Amino acid sequence: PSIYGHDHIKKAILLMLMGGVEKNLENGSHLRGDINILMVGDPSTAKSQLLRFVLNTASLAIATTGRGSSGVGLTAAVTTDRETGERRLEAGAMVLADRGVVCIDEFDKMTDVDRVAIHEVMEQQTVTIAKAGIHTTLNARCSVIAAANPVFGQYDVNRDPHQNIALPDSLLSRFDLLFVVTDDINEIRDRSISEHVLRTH
Amino acid sequence: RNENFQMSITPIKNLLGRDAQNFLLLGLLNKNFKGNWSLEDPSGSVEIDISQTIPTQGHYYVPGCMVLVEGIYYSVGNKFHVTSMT
DNA sequence: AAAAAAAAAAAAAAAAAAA
DNA sequence: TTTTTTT
Ligand SMILES: Nc1ncnc2c1ncn2[C@@H]1O[C@H](COP(=O)(O)OP(=O)(O)OP(=O)(O)O)[C@@H](O)[C@H]1O
Ligand SMILES: [Mg+2]
Numbered sequence: 369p370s371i372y373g374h375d376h377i378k379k380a381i382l383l384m385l386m387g388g389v390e391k392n393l394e395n396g397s398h399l400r401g402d403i404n405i406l407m408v409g410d411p412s413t414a415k416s417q418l419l420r421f422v423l424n425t426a427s428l429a430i431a432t433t434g435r436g437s438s439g440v441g442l443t444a445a446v447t448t449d450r451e452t453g454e455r456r457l458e459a460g461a462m463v464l465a466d467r468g469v470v471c472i473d474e475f476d477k478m479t480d481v482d483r484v485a486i487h488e489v490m491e492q493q494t495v496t497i498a499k500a501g502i503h504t505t506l507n508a509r510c511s512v513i514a515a516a517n518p519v520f521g522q523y524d525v526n527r528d529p530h531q532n533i534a535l536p537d538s539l540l541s542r543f544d545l546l547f548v549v550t551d552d553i554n555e556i557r558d559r560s561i562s563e564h565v566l567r568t569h
Numbered sequence: 231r232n233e234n235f236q266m267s268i269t270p271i272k273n274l275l276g277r278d279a280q281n282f283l284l285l286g287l288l289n290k291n292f293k294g295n296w297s298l299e300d301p302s303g304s305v306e307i308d309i310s311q312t313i314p315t316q317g318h319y320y321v322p323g324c325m326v327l328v329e330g331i332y333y334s335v336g337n338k339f340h341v342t343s344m345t
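Listed in order, the protein sequences are those of chains 3 and F.
In this text, residue positions in the first sequence follow the entry's author numbering: the first is 369, and each later residue adds one.
Using the entry's author numbering, the letters of the second sequence map in sequence onto residues 231 to 236, 266 to 345.
Be aware that one or more of the hints could be misleading.
List time: in silico SDA-like cross-link candidates among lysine to any residue, alpha-carbon distance up to 20 Å [to be verified]:
| hint | chain 1 | residue 1 | chain 2 | residue 2 |
| --- | --- | --- | --- | --- |
| 1 | F | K338 | 3 | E563 |
| 2 | F | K272 | 3 | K477 |
| 3 | F | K272 | 3 | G441 |
| 4 | F | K272 | F | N295 |
| 5 | F | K272 | 3 | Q493 |
| 6 | 3 | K477 | 3 | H487 |
| 7 | F | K272 | 3 | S562 |
| 8 | F | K272 | 3 | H487 |
| 9 | F | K272 | 3 | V565 |
| 10 | 3 | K379 | 3 | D558 |
| 11 | 3 | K379 | 3 | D544 |
| 12 | 3 | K378 | 3 | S412 |
| 13 | 3 | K378 | 3 | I405 |
| 14 | F | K338 | 3 | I556 |
| 15 | F | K338 | F | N234 |
| 16 | F | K272 | 3 | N554 |
| 17 | F | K272 | 3 | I561 |
| 18 | 3 | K499 | 3 | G441 |
| 19 | F | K338 | F | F235 |
| 20 | F | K338 | F | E233 |
| 21 | F | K338 | 3 | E555 |
| 22 | F | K293 | F | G303 |
| 23 | 3 | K378 | 3 | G441 |
| 24 | F | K272 | F | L287 |
| 25 | F | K290 | F | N337 |
| 26 | F | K272 | F | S304 |
| 27 | F | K272 | 3 | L546 |
| 28 | F | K272 | F | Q316 |
| 29 | 3 | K378 | 3 | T425 |
| 30 | F | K272 | F | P301 |
| 31 | 3 | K378 | 3 | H398 |
| 32 | F | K272 | 3 | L566 |
| 33 | F | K272 | 3 | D558 |
| 34 | F | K272 | 3 | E555 |
| 35 | F | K272 | 3 | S560 |
Just so you know, the hints here were simulated from the structure itself, not pulled from any lab data.
Work out the full structure, taking the sequences as your base and the hints as a guide.
See below:
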C-alpha cells in the first residue's frame, strides 16, 4: 500500500504469483506453465522496493543481484563432502527456488556469460551438469522477476525500443510481459506523490 | 483572533498543487516588477485577476494594505480569479 | 600413518582490436 | 594513435 500508482504492475504481480498449470503430453513433451515479467525504466521509480515486497510476500523466493553472482556458481557446484572424501554436487541458487520465484536486481549489469545459462533455464526449465565424471539433469521450474536500467541514464522515448535495451532479443522474447516506467513531470502528480510520501514518513 | 474565523486561510506557497478549488488568503498588495497586481506573503506571491471583482464598499483599497481575498486558483496560467475582497 | 587435490575466485600483463 | 578487453 505504500507504493503510489503502478496499479497494472500490482495486477501483474498478483497474476504471476498464482500462474497457470503445467501441460505435459505423451507426444508433446512439456509446456511452460507460469509467467515471467521484466521491468525497464528510468531511475528512482520504485522498482527495487516492489521487488523487495514480492520477496517478503511470496512463499518461497531467493534474491539475486547481477553483479554479485557467477553463472557457474548459480546452478551447481562440485564440492567434496568432508566425511566421505567424495565430491558431490552442491545445489545452486535458483535450484533451491524450484517451483518458487527468483528475483534479480541490476539484471542488465550482469556478465554476458551468465546470461546464456539463464536462457537455458528459460528454454526447458532444466539445467544439466556434465563435469568431473558427473552427468545429471536437475529440475528447476521457478519463475523470474527482474528489473533493469536503460542503456543511457534515462529512457529515450524517441528512439527504437531495442536501442534503449542492452539485452539481446533472444532472451527478451522469452519474457511474457515487459513494462516501461517513466516519471512524467506533472505538478499535480508531484503534489499527490509528495502528500503520500510525507504521510508515510 | 476574530470570532468568525476559527474558515482558515492558506499560505500562498501551498497553492501550487491545486486548481479549480476555492481558497482564502491575505497579504501585501502591490505591483510586481512586470506591472501586474500581486499579493505577497512570507511564503511567496501570486497574481490577481480583477475582471469580475465585487469589493466590499466603504474601504479605500490602496496598495500597501492588508486585504482578504476569496477566489479560485487556476494552474493553466497563474491567475487567482478573485470574486470577493474585504 | 597421512588426507594432497579438481574445482572455483580473484588479480594482473600482454596482445590485439576498435575508434 | 589510443584505450579497451581478452587471454
Ligand atoms: N509511487 C511511489 N510511492 C512511494 N515511494 C515511491 C514511489 N516512487 C518512488 N518512490 C520512492 O523512490 C525511491 C526509489 O527507491 P528505489 O531504489 O527502490 O527505486 P527504483 O526505481 O527501483 O530505482 P533503481 O533503478 O535505482 O534501483 C524509494 O525511496 C521509494 O520510496
Ligand atoms: Mg531502485
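Okay, the hints, checked on the actual structure:
1. A C-alpha spacing of about 24 Å is found between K338 (chain F) and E563 (chain 3), which places the hinted pair above 20 Å, so the restraint is violated.
2. For the hint linking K272 (chain F) to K477 (chain 3), the alpha-carbon distance of about 42 Å lies beyond 20 Å, and the restraint is violated.
3. A C-alpha spacing of about 56 Å is found between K272 (chain F) and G441 (chain 3), which places the hinted pair above 20 Å, so the restraint is violated.
4. This hinted pair checks out: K272 (chain F) and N295 (chain F) have alpha carbons roughly 19 Å apart, not beyond 20 Å.
5. Between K272 (chain F) and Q493 (chain 3), the direct Cα distance comes to roughly 57 Å. Violation of the 20 Å bound is thereby established for this hinted pair.
6. For the given pair, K477 (chain 3) sits about 16 Å from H487 (chain 3) by alpha-carbon distance, which is consistent with the 20 Å threshold.
7. For the hint pairing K272 (chain F) with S562 (chain 3), the CA-to-CA distance comes to about 14 Å; that is within 20 Å, so the pair holds.
8. For the suggested pair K272 (chain F) and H487 (chain 3), the alpha carbons sit about 54 Å apart, so the restraint of at most 20 Å is broken.
9. Using a Cα cut-off of 20 Å, the hinted pair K272 (chain F) and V565 (chain 3) holds, with the two alpha carbons roughly 19 Å apart.
10. Restraint check: the Cα-Cα separation between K379 (chain 3) and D558 (chain 3) comes to about 24 Å, which exceeds 20 Å; the hinted pair is violated.
11. For the hint linking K379 (chain 3) to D544 (chain 3), the alpha-carbon distance of about 14 Å falls within 20 Å, and the restraint holds.
12. Taking the CA atoms of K378 (chain 3) and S412 (chain 3), the gap is about 18 Å. The hint holds against a cut of 20 Å.
13. About 12 Å separates the Cα atoms of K378 (chain 3) and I405 (chain 3), which keeps this hinted pair within 20 Å; it holds.
14. The suggested pairing of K338 (chain F) with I556 (chain 3) holds, with an alpha-carbon distance near 17 Å, which does not exceed 20 Å.
15. The straight-line distance between the Cα atoms of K338 (chain F) and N234 (chain F) is roughly 28 Å, outside the 20 Å bound, and the hint therefore fails.
16. Proximity of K272 (chain F) to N554 (chain 3) is assessed by CA-CA distance (about 17 Å); at most 20 Å being required, the pair is judged to hold.
17. Restraint check: the Cα-Cα separation between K272 (chain F) and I561 (chain 3) comes to about 17 Å, which is no more than 20 Å; the hinted pair holds.
18. Simply put, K499 (chain 3) and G441 (chain 3) have alpha-carbon atoms about 14 Å apart, close enough for the 20 Å limit, and the pair holds.
19. Note on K338 (chain F) and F235 (chain F): the hinted pairing is violated, with a Cα-Cα distance of about 25 Å set against a maximum of 20 Å.
20. As the CA atoms of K338 (chain F) and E233 (chain F) are separated by approximately 30 Å, the hinted pair breaks the 20 Å bound.
21. Distance restraint check for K338 (chain F) and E555 (chain 3): the Cα-Cα separation of roughly 16 Å lies within the 20 Å cut-off, and the hinted pair is therefore satisfied.
22. Taking the CA atoms of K293 (chain F) and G303 (chain F), the gap is near 16 Å; set against the 20 Å cutoff, the hint holds.
23. Only pairs whose Cα atoms come within 20 Å are accepted, and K378 (chain 3) paired with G441 (chain 3) is rejected, the gap being roughly 32 Å.
24. Of the pairs offered as hints, the one joining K272 (chain F) and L287 (chain F) holds, with about 14 Å between alpha carbons and a cut-off of 20 Å not exceeded.
25. Under the criterion of a C-alpha separation no larger than 20 Å, the hint pairing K290 (chain F) with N337 (chain F) is consistent with the structure, at around 15 Å.
26. At most 20 Å may separate the alpha-carbon atoms for a hinted pair to count; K272 (chain F) and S304 (chain F) meet this at roughly 8 Å.
27. Note on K272 (chain F) and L546 (chain 3): the hinted pairing is violated, with a Cα-Cα distance of about 40 Å set against a maximum of 20 Å.
28. Restraint check for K272 (chain F) and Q316 (chain F): the C-alpha separation of about 29 Å exceeds 20 Å, so the hint is violated.
29. Simply put, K378 (chain 3) and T425 (chain 3) have alpha-carbon atoms about 12 Å apart, close enough for the 20 Å limit, and the pair holds.
30. With a C-alpha separation of about 9 Å, the suggested pair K272 (chain F) and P301 (chain F) falls inside the 20 Å cut-off, and the hint holds.
31. In summary, the hint linking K378 (chain 3) to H398 (chain 3) is not supported, as the alpha carbons are separated by about 29 Å, beyond the 20 Å threshold.
32. For the suggested pair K272 (chain F) and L566 (chain 3), the alpha carbons sit about 17 Å apart, so the restraint of at most 20 Å is met.
33. Taken as a hint, the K272 (chain F) and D558 (chain 3) pair is honoured in the structure, with Cα atoms around 15 Å apart against an allowance of 20 Å.
34. Only pairs whose Cα atoms come within 20 Å are accepted, and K272 (chain F) paired with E555 (chain 3) is accepted, the gap being roughly 13 Å.
35. Between the alpha carbons of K272 (chain F) and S560 (chain 3) the distance comes to roughly 16 Å, so the proposed pair stays at or under 20 Å and holds.
Checked against the numbered hints listed earlier, the structure breaks hints 1, 2, 3, 5, 8, 10, 15, 19, 20, 23, 27, 28 and 31; every other hint is satisfied.
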